[PDB]
Structure formats: C-alpha cells, structure tokens
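Participant: Fit chain B to the given chain A structure using the hints.
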Amino acid sequence: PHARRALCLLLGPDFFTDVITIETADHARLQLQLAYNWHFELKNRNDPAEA
Amino acid sequence: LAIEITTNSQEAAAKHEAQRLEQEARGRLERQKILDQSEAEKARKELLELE
Numbered sequence: 508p509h510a511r512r513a514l515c516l517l518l519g520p521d522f523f524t525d526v527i528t529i530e531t532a533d534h535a536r537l538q539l540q541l542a543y544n545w546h547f548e549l550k551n552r553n554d555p556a557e558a
Numbered sequence: 660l661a662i663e664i665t666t667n668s669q670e671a672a673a674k675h676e677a678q679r680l681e682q683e684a685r686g687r688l689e690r691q692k693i694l695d696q697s698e699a700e701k702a703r704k705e706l707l708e709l710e
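Residue numbers (the UniProt record's numbering), protein chains in the order written: chain A, 508 to 558; chain B, 660 to 710.
Chain B extracted, bound-state conformation:
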C-alpha cells in the first residue's frame, strides 16, 4: 500500500501534465481556428461586395 500510493501520486501528476498539454493545445486550437476564420471573413468581404 505505501508503494502503491507513490505510484498513484506520480501517475496522477503525469495525467495532470498530460491534461496540461491537451488543454493548452485545445486553447490555441481555438485561437487559430479563430484567426483563420478572421482571414476568411476579411476576404468574404470582397466575396459579398462583388457577389
């Protein structure tokens, strides 16, 4: 038991760091979805002007 507690603690911390990578990834995933939609709408301006 006193060694399984150590295994659980280290694996939990690594799971949290894996969630860190995942959540930071999803975070700028959102922002870059956002910025590319920015450029798309910037020229959808010309789309709908000329359409």
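Only chain A is shown next, with the shape it has when bound in the complex:
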C-alpha cells in the first residue's frame, strides 16, 4: 500500500514487477508475474492544469 516514497514522479516508460493471484473459471488458483509496460502521456507539457 505504501512502501516507496520519492520526490520525483517518473514519467518515462517503465514497468511494475507485480504478481497477481487470479482464479480462472476452472477455479485454478495461479499467481502470475506482470510487467505493465507504462508511460505518462502529456500533449502540452507546459499547461499547469494538465501538468
């Protein structure tokens, strides 16, 4: 919930080495490591509201 804390909001492309605990229709409980290839998007990188 709250582990890391930094002064900067990383906008560059990155990933999250997250693992989920999902269950399929056959009830098969399996955990699975995810990446979430993400990146922040700003069309106008000067507007105070959007920024």
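Wrong hints could be hidden among the right ones.
Said to hold, decoys possible - Label-pair ranges, simulated between beta-carbon atoms:
hint: 1; chain 1: B; residue 1: 690; chain 2: A; residue 2: 530; range: 53 to 61 Å
hint: 2; chain 1: A; residue 1: 530; chain 2: B; residue 2: 686; range: 31 to 39 Å
hint: 3; chain 1: A; residue 1: 526; chain 2: B; residue 2: 673; range: 24 to 32 Å
Claimed, not checked - Within a straight-line C-alpha distance of at most 25 Å, the following computed SDA-like cross-link-like pairs (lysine to any residue) qualify:
hint: 4; chain 1: B; residue 1: 674; chain 2: A; residue 2: 531
hint: 5; chain 1: B; residue 1: 704; chain 2: B; residue 2: 693
hint: 6; chain 1: B; residue 1: 674; chain 2: A; residue 2: 536
hint: 7; chain 1: B; residue 1: 674; chain 2: A; residue 2: 534
Treat the hints as calculated values from the structure; they're not laboratory data. Every residue, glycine too, gets a C-beta built ideally from N, C-alpha and C.
Facilitator: Then chain B, alone, in the frame of chain A:
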C-alpha cells in the same frame, strides 16, 4: 454445493466437446478407411483381371 454445480457444468460441457472431437475424428476416420479401400479395390480390378 452452489460452486460444485458450476464445476460439474463446465466439466460436462468440456466432456461433450471432447466427445465432439472424438466423434468427428471417428467420423472422417470411417470415410478415409472408406476412400483408401476405394483405391485398393480400384486396382484389385487389375489384380483379378490379370490373376
């Protein structure tokens, strides 16, 4: 019980689809046994002519 009913329903449907694959397989299994016997008899014609 209300979750075992779901398991039974999905496994029954999958068993039916497995029977689908099995029965369609046996179906053209018959036809291809048939068509290869067709060619075999086509040339058993020459067999028995010359024999």
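Participant: Work down the list of hints and note, for each, if the structure agrees.
Facilitator: Results of checking the hints against the structure:
no. : hint                      : result
1   : B:690 - A:530: 53 to 61 Å : 43 Å, violated
2   : A:530 - B:686: 31 to 39 Å : 37 Å, holds
3   : A:526 - B:673: 24 to 32 Å : 28 Å, holds
4   : B:674 - A:531             : 18 Å, holds
5   : B:704 - B:693             : 17 Å, holds
6   : B:674 - A:536             : 22 Å, holds
7   : B:674 - A:534             : 17 Å, holds
Violated hints amount to a single one, hint 1; each of the other numbered hints is respected by the structure.
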